[PDB]
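With one protein chain held back, the other chains of the complex are shown just where they sit.
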Amino acid sequence: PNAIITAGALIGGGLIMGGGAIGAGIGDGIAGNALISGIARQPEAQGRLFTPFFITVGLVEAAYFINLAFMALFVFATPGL
Amino acid sequence: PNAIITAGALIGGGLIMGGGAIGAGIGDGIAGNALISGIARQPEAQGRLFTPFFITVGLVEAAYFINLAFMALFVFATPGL
Amino acid sequence: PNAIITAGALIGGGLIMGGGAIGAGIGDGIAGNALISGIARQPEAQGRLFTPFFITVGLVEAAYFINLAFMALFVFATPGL
Amino acid sequence: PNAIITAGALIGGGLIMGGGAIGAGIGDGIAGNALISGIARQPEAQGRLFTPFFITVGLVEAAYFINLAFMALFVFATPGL
Amino acid sequence: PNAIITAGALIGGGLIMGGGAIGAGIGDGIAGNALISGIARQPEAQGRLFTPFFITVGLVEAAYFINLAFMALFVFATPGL
Amino acid sequence: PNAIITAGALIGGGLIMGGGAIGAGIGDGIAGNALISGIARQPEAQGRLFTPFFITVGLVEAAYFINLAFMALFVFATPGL
Amino acid sequence: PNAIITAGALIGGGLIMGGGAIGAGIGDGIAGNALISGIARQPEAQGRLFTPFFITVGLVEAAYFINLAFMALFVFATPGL
Amino acid sequence: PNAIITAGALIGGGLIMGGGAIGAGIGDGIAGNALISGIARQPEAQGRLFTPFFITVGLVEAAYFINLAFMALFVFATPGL
Amino acid sequence: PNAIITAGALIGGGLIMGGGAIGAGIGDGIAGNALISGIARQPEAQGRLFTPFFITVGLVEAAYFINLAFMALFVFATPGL
Amino acid sequence: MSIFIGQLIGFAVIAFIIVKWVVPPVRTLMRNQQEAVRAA
Amino acid sequence: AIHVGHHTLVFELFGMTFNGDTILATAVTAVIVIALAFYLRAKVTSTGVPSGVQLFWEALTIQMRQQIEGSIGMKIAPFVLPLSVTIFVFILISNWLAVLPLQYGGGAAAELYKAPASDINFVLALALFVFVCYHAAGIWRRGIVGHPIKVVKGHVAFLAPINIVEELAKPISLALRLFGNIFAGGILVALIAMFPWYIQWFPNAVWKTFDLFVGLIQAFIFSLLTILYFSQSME
Partner (left out) sequence: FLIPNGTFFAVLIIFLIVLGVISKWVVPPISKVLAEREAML
């Protein structure tokens, strides 16, 4: 019974981290695209843009790491089981 | 019987947190792209841009956290046992 | 039999909310990108940009909540059970 | 035999709605981004942009709600049951 | 025997329709973004932009319809059943 | 044995068509966005623009139709059946 | 044994081919957007944008065709049995 | 036991390849969009833009090619047999 | 039982790597789009643009590699085995 | 009854919302339109 | 559990089955629309300050005429104005009437008035009437021989197979967009009915407002797509 629950938890965690990776990568890429476009526009603005950029990256990584913690819950502390 | 239901609930919760992370990361990245761009064009606009930002993020993160709650449902209070 | 149907309903509801969360988050982020960019370009336009924004949100959030409905149908009122 | 078909129909309808909601949310967000940007650029656009906008939404919602109709067939009137 | 085939056909049709809806909704939203932006830039464009637009929409929704057709070939008819 | 292989072939063909339709719809929408934007910005380039457009669509649709070719092979020929 | 392996191979090949289709279609659409826009802004660039374009497409197609090959290796040949 | 692990490995390798192909195609298209836009704007920029381009592609394709190796590991010499 | 657990772990690791590859490819492409656009706009700013670039990449690739690490845990450690 | 009471309370909440935030603006618009017609 | 269909007051006549609840809801919305129309007639004035219903009718007619003139002038399509307007109100009043507190407990949840759009028959009637009407308009303007030719030809000739299908899609979607939007809601508000009243009250308020918003949006979209179909079929 556990083997079925364990396989289900592994698949669930795989989806968990796959979605986390997609969201994190794409959101960070978009934020960095904005940062690079802003610095090309105004190369002296590199210092100013790190605050909004790091706020956006912090939000995206908070989502990613909360999801990675829930994968850890699924895999190492599988609910139920 | 319970093992199959638990495995299905774990797979469902993994799908929900995965989609939620995709949505949250990508939407937050898209919103932060506008934030960083606008602050690059208008350095002083920061004050007025964090209100539309946290509003939109407030929506996007909401879509995330709702999912989180329901995923706990799926995994801790899994209906249909 | 009810165990298999319950597992399938849980997986289906997980897919429903994964898609709904992706759509809602990404659409809210895309609309917020326009809102932030417009308020950066036109600070006085904020009041006028909320009506196009909250309409757009009102659409995507609707698509979210409709999904939230049919998840609750799948999970709490599993058709065919 | 009916339990397997019911679980498969639930999963299929979940996929239908996941795709429909992803499409609806993202397309509505994109259309609203266009609407908000156009109204920010030229405020009086408020009048003329709701015609092409609600056409776009009308196209974005169709693919969603048609799927929803075919969801009801899958879930409530499973073709192969 | 036919139960497994029917469940697989339902899942396949759900995948078909979910992918078709994602493609149609997102492509229609993207095309309507250009339509709305063009009409905002030039109200007279209202007249001439529907020809490029409705070509796109139609090509974008072709894939939706063909997919839909084959979904009708999956759940109502069923190869190998 | 044939039932399981047929269900797997149906699921695989559904995945193929879902992915093909996602790609086709989104790529056609993206190409038509450029077509509409160019025709709005330069009305006289309509005929000038349908050449690079139908080429790109021709590429995108090609990717779609190959996939359709394979889906038939999956559901009607079903290699390994 | 061969039935389960063949069903898994069909599902895996469908995933390969559908993902390749999504990537190819969306990348071709994105590259065609740049091609069409550049040709709109520059009639002459028609000749010179085909070199950056077919290179990009060459990459976008490459990842597609490789998948196709592996998809064949999944379905016609079977690495397991 | 070996058949189940083989089917799971085939499905996992298919997921790996689908994800790698989506990432590769879409990233290559996005990079080639910038390349084509820059070469349309400035035609003499070609030689300058192939270094930023092939770096990006080098990263993008790298993520793709890694997924190949692990796919082989999943497909050939399946772990946990 | 390990057979089921190993198959589930393989599917989960495949999902992890598929999501990681999608995120890495798309984010790297998006960041390189900004890099190419900036280096086209400001040829002399390459040095000031590569630092934001490799930062952005350093984020998205991290999300990839972290996922990869956990893939190994799923594929070689198999925590629930 | 419980379903009826719950949906009635929801209807009351939405009615209050529209009366306090949607009725005022629409009403203005109606009055301003009437005033414009009278002035014309 | 939730039920789909299960129409009440269902009867049989002339060899055909009729959903009594759907017909009753359609009749209620129709009589409300007719009452509004007759109150305007009784209180319509151009020499004096307009009435509230007069202002509403003027605004709706002005909007619909603005959409018509911007795509197909009323010198060519004057008949689509009385159509696009009614389709709006008939739908709008149909949807907003579902916002009244007419839901109760059987213990399965039930509603005295259920939105007509939630029935496939209502949406199909409206959509197929629009389909027939604008196809007749296209036949009139282009001729019975030229109208099918230009329909198949479309804007791009070699895309003919993608044209005909789209033409058959217009009605279905036009119906399915309206039905799915409202039918879905009929399930959500039923699902909310599973909550206890002290938890049920808030979700109904939130959804009801969406139902108001989405019903208005769907009426507008349905009417505007009807006007667009007329613009396309009338050259």
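By letter and in written order, the chains are A, B, C, D, E, F, G, H, I, J and K; residue numbering begins at 1 in each of them.
Assume a residue touches a chain if its C-beta (ideal position, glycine included) is under 8 Å from a C-beta of that chain, and two chains touch if they have at least 3 such contacts.
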| item | value |
| --- | --- |
| Which of K:34, K:136 or K:144 contacts the chain that the document leaves out | K:34 |
| Sole contact to the chain not displayed, among K:2, K:72 or K:83 | K:83 |
| Residues belonging to subunit D that touch the chain removed from view | 69, 72-73, 76-77 |
| Sites on subunit J contacted by the missing partner chain, in the whole complex | 37, 40 |
| Subunit K, residues in touch with the chain not shown (by the definition above) | 4-5, 13-14, 16-19, 22-23, 26-27, 30, 33-34, 37-38, 40-41, 44-46, 50, 54, 57-58, 61-62, 81-83, 85-86, 89-90, 116, 119-122, 124-126, 128-129 |
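Here is the rule we go by: only the chains that are shown with their structure count from here on.
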| item | value |
| --- | --- |
| Of H-I and C-K, pair with higher C-beta contact tally | H-I |
| Subunit A and subunit B: spacing of chain centres that average the CA atoms, whole Å | 10 |
| Mean-CA-position distance for subunit F and subunit C (Å) | 26 |
| Subunit F, residues touching no fewer than two other chains | 2, 4, 7-9, 11-15, 17-20, 22-31, 33-35, 37, 39, 41, 57, 64, 78, 81 |
| Complex contact set, residues of subunit E against subunit K | 46, 51, 54-55, 58-59, 61-62, 65 |
| Contact set on subunit K toward subunit D in their complex | 4, 67, 70, 172-173, 176-177, 179-181, 183-184, 217, 220-221, 224-225, 228 |
| Touching residues on subunit D, where the partner in the complex is subunit E | 1-2, 4-5, 7-9, 11-20, 22-24, 26-31, 33-35, 37-39, 41-42, 45, 48-49, 51-53, 55-57, 59-60, 62-64, 66-67, 70, 73-74, 78-81 |
